[PDB]
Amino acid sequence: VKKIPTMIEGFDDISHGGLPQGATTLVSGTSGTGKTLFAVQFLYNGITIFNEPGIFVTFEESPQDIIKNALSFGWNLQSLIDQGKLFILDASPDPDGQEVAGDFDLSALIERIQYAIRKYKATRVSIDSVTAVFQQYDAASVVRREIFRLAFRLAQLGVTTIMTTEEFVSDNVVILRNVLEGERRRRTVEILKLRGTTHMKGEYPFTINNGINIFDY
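In the form deposited with ligand ADP bound, what does the structure of this chain look like on its own?
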């Protein structure tokens, strides 16, 4: 099983090589655990270190917040957008809500992502978050089927994907946790499962400084 390096400090060591190539990895965690940071850093490291273009699909945050928030880490995402190496694909909800008048699916979304991948020659994709898609539609059955169809299409295109979660079924799953200890924050990462391959087991501590910094392995 080939893996794509993340260059997230410590991660390629506990995952033994990085993320399974051409497959979706689920990054799961409650609010505030660093899911978006992991998603952004996967694409950023992709572009700046390996010259692999990325697509960030956002179902909740405005691209303007994704950009402004990456700044504190020293990541200039607007420069990589201007250069054509990153594309943020805005699939956030329209403020007027969704008015339903019959059966539908999410064909336009899947065709947009596919078009973007081809236009930008992307080999990394981050989707943030699967949870937000489900919240957008009073039709859990539509969404669940469309996430599978999407994962299927991404994999046939050869790209490597992170999907974040707060539904979907995967054999690659990474758990992020943030525990309040007295009045300090104890953050951990665990690789729960990795597609019939080898990895270090259990929670490892990390800190947030210019990215996710995993240590003690």
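Positions refer to the first chain, counted from 1. Only the largest set of C-alpha atoms that superpose within 1.5 Å between the two forms is called the rigid core. Compared with the form solved without ligand ADP:
Once both forms are fitted on their core, the CA shift for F87 between these two forms remains under 2 Å. A movement of the C-alpha atom of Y120 falling short of 2 angstroms is seen between these two forms when the two forms are aligned on their rigid core.
In a rigid-core overlay of the protein, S107 has its C-alpha displaced by under 2 Å between these two forms.
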Given for the second form:
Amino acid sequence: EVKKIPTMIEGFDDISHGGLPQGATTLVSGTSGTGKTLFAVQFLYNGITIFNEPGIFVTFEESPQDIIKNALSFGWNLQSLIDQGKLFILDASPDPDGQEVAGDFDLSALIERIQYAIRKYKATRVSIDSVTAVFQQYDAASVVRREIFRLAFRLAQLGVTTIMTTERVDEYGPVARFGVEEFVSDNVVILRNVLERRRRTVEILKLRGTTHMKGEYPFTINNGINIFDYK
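With the form deposited with ligand ADP bound done, generate the form solved without ligand ADP in the same format.
Partners and other molecules have been left off, which leaves just the chain.
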């Protein structure tokens, strides 16, 4: 009764029985170097090149120019899509000259900027990477938490499908850092990278209100994410 949109990421629409819940937010959590950013880029890249659905990529730590070239490192040319006006990178990373805090605040400007970008470019897919970085660029975890919830609420109302990437502490422990799984709660995907040789896995921990293949499945990073051995 909930509908999903196809990610076209090789093997994911099968383990998830269709893809990502439309008009909702899916967390994609994992330690550093698990392919979260890669997942987030591939999601929008396919949306644009296969489905002609424009996308916004919101970045909280990496600069837009390091997103584009780290994407080159993954095998994709984002600047073309930006030049066609089908992809927009929203720079929500910190200013290197510093930002001094001198009282209490919220993240309203961030939310309005995103909503504005969505409507200006007519986007239906949004990627946000990586929301945990925010908690380290401001020391008020409770307002940061609230604003992340309120952002998810707004993204839903705008009828947009969203991926939020999140850092982990370890491959087996808390689902996401700073307890963001308490507000963005319904849809969680976990990515692990453990040891002979590295083994990478994807797990659909939760997809509230619908069916999905349960447990960990292996995948390789070869010009995209490639999940296998799941019948």
